[PDB]
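2 protein chains.
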Amino acid sequence: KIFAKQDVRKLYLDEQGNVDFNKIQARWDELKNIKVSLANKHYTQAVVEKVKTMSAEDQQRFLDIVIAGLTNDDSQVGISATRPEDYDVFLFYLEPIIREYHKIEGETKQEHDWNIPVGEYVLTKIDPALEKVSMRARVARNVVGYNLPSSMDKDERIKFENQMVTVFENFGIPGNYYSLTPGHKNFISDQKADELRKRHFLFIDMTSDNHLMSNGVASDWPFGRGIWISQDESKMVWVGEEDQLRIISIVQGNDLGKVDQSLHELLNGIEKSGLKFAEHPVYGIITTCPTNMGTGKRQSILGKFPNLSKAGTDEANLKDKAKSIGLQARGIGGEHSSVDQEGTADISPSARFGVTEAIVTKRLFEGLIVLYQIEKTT
Amino acid sequence: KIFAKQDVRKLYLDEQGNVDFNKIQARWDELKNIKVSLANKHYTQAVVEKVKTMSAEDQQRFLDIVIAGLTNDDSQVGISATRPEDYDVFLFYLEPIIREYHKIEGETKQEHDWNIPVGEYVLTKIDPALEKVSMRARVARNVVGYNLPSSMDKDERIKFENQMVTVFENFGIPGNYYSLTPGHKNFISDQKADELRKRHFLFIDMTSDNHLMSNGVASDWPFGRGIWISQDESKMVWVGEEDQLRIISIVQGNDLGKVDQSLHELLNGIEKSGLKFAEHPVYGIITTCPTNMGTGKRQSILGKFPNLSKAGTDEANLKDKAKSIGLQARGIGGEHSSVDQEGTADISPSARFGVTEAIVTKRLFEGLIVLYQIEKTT
Numbered sequence: 005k006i007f008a009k010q011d012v013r014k015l016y017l018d019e020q021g022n023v024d025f026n027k028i029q030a031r032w033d034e035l036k037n038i039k040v041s042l043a044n045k046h047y048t049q050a051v052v053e054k055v056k057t058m059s060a061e062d063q064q065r066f067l068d069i070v071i072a073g074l075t076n077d078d079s080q081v082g083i084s085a086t087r088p089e090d091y092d093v094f095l096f097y098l099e100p101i102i103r104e105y106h107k108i109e110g111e112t113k114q115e116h117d118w119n120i121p122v123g124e125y126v127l128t129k130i131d132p133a134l135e136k137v138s139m140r141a142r143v144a145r146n147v148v149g150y151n152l153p154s155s156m157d158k159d160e161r162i163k164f165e166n167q168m169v170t171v172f173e174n175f176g177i178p179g180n181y182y183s184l185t186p187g188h189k190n191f192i193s194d195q196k197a198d199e200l201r202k203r204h205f206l207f208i209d210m211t212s213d214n215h216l217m218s219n220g221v222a223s224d225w226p227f228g229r230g231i232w233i234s235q236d237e238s239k240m241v242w243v244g245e246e247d248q249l250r251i252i253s254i255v256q257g258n259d260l261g262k263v264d265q266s267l268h269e270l271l272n273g274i275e276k277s278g279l280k281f282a283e284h285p286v287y288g289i290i291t292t293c294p295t296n297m298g299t300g301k302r303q304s305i306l307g308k309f310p311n312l313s314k315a316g317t318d319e320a321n322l323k324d325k326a327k328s329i330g331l332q333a334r335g336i337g338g339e340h341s342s343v344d345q346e347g348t349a350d351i352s353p354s355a356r357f358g359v360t361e362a363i364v365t366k367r368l369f370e371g372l373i374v375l376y377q378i379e380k381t382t
Numbered sequence: 005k006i007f008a009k010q011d012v013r014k015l016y017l018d019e020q021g022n023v024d025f026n027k028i029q030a031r032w033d034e035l036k037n038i039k040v041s042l043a044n045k046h047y048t049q050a051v052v053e054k055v056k057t058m059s060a061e062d063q064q065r066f067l068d069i070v071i072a073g074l075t076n077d078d079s080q081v082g083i084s085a086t087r088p089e090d091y092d093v094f095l096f097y098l099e100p101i102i103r104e105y106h107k108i109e110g111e112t113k114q115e116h117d118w119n120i121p122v123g124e125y126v127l128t129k130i131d132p133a134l135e136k137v138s139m140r141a142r143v144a145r146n147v148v149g150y151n152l153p154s155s156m157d158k159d160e161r162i163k164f165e166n167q168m169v170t171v172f173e174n175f176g177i178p179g180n181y182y183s184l185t186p187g188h189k190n191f192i193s194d195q196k197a198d199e200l201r202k203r204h205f206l207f208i209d210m211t212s213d214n215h216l217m218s219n220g221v222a223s224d225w226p227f228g229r230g231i232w233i234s235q236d237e238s239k240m241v242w243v244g245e246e247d248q249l250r251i252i253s254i255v256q257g258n259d260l261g262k263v264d265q266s267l268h269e270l271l272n273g274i275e276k277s278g279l280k281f282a283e284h285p286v287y288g289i290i291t292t293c294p295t296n297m298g299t300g301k302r303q304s305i306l307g308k309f310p311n312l313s314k315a316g317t318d319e320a321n322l323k324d325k326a327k328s329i330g331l332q333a334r335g336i337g338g339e340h341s342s343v344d345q346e347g348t349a350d351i352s353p354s355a356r357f358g359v360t361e362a363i364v365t366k367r368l369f370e371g372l373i374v375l376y377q378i379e380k381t382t
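One line per chain: the protein sequences are A and B, in this order.
Under the entry's author numbering, think of the first position of the first sequence as 5, with each following residue one higher.
Under the entry's author numbering, think of the first position of the second sequence as 5, with each following residue one higher.
One thing to keep in mind: the hints can contain errors.
It does not matter which identical chain is meant; a pair holds if it fits inside one copy or across any two.
Calculated cross-link-like contacts (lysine-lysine; reagent style DSSO-like; alpha-carbon spacing at most 30 Å) [stated by the list, open to error]:
1. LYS56 with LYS308
2. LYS163 with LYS36
3. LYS158 with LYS280
4. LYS14 with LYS308
5. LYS323 with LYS27
6. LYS45 with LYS314
7. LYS39 with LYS56
Just so you know, these hints were derived from the structure itself, not from any lab.
All chains, full assembly: derive it from the sequences and hints.
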């Protein structure tokens, strides 16, 4: 029950080791009676005739870009870029997928704005009880000079971890690096890794996900994976996950602007090392899955909605109310999948593609004003 | 959507038609968000200051050397020499690019030696089952007195092809020449041409390659392009592709030295017709792309390593073992391809710049003695 890229890609090769476009089409045709991913929907005879005219190496790469979609029946998109440049090399095929998923219209491109006010998005203005709320923001990043994690061999993952350990050592924010890499100086014990995972710091074993096995993101596990955690545990960097970097700030407080400030300091510390993040001039931040591209930013709070969730028994009602407001709600759950009567949920903004980081923060705050009104009404 | 050299080069000119070094730098700076080619990395302030002091014609030539790099953000190197003298005239810029790509250290210079024995490097001495092995070799060459194919006009392509047709009719090896040049006596149809590409003799329609469009190699398609094929079909000479000549030998057999003898006889026959190959005193054989300099040679066998590759499920183990003894293992479908289920892999000698042809072939044979011993004892 393991669908590793290196094995499943061979199902779409001929006897000479070249890409067999007949086997690719046969598989998409099987999947039409099951579920049509965007990869399948935008895969046309014109796309095929184009790819057939490209170098053998680009044809093999093209197979690696759709392999997740070919392997996983449940794929919505089914696309994994292998390198920063893939969004340009294969733009003829990738652009319609990006534009459909992100519902992009006209001349829209990604803009950026980290000039986010402090002392304005203050949750106590909504309710005095919102003094100490878990406020969370992260950005996904990939680094110019590396393959994306879908296509990094063991040596490249070790090289990438080694460069990032040097950045954390030297970027001037106190904290500690914990490696999953056997033989690394910062190697974590099997007791420590679960322990950090149970404190909700450390990502899970990626080899348990067929999507990440099939697109190469889970390859060479656990070589080149680890976590940097700041002294105060407000800042952390995941190394070697689905994107090379998951850059995270978690602040207990009431000002959304503070979690953005904390995130920007961490981002700026990594940027000052002189490395560059992979960014497309139209579609913004480059990620392995095109669903994450633009800002690569997620932002949320953990709120308590006992009224809308009926003491944690009607998550669907909380989700439907959050949706009515342009927010997304995910119930956290009690210990051992018990009912959480506090109706604790992760609340995040939905935003149109291309909006700045500063606008995402504003939309979360404005949405929370209304969600807490209907929570307080019910 | 424009890739043709004569169109894209215009984006780097000022209002007077002179090369704009601010426009070149602005483009390299954009590319730093995606991929840094060797052309970009070695484009230093000292390089710019030197090119600004050269003649208008040399500055236009300089733009023509980097244009593929400026245009195609997937470029690893992004250099196309326009003639053999570029490797002297622009050495101040190109030398660090050559030295970085080929990992050249100290006073290394290319040496040559085609005194390669027949009946010594015989694979059946390793194992009697190695009677019929796919053995492949190719050499790229350009000819003194001609521009490189990046900058030949239609008339020069026709003149070059005319020179090679007379060489082929008179050089003592039996074979047929097939021309894509309309009006040539050896002209072939699009169907006869597609049958040659499908049996893997004839090179691609180069106008499908953005790199070759941007660097001028694909200009005036298909004038002056053709293929000589030997009567027994084991030998061929591509005319007018990325280099003026590509000499290919593909033999099912067991004697590495017989493949080298084939190339040697073709090279000698051409030289015996009064043609001299272009060569740099340090960096050896002159090619359009600096990555093909030195010998201009690639050689490999297809071997089966089911034990090292665990029936094709552990390619990394085979590549690691090959690398430990000075060899490179790849899939059977080129770069970024797969080892098949019988452990079939392309095995080539690891590059070490400057080593003679005779020593490389010796080191491949000796490498294979060790590799097959590792395979049989795994």
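Tested hints:
no.	hint	result
1	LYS56 with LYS308	between (54 Å within a copy, 28 Å between copies)
2	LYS163 with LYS36	between (41 Å within a copy, 20 Å between copies)
3	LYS158 with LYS280	within (22 Å within a copy, 43 Å between copies)
4	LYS14 with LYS308	between (49 Å within a copy, 17 Å between copies)
5	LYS323 with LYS27	between (41 Å within a copy, 28 Å between copies)
6	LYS45 with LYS314	neither (40 Å within a copy, 36 Å between copies)
7	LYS39 with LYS56	both (26 Å within a copy, 25 Å between copies)
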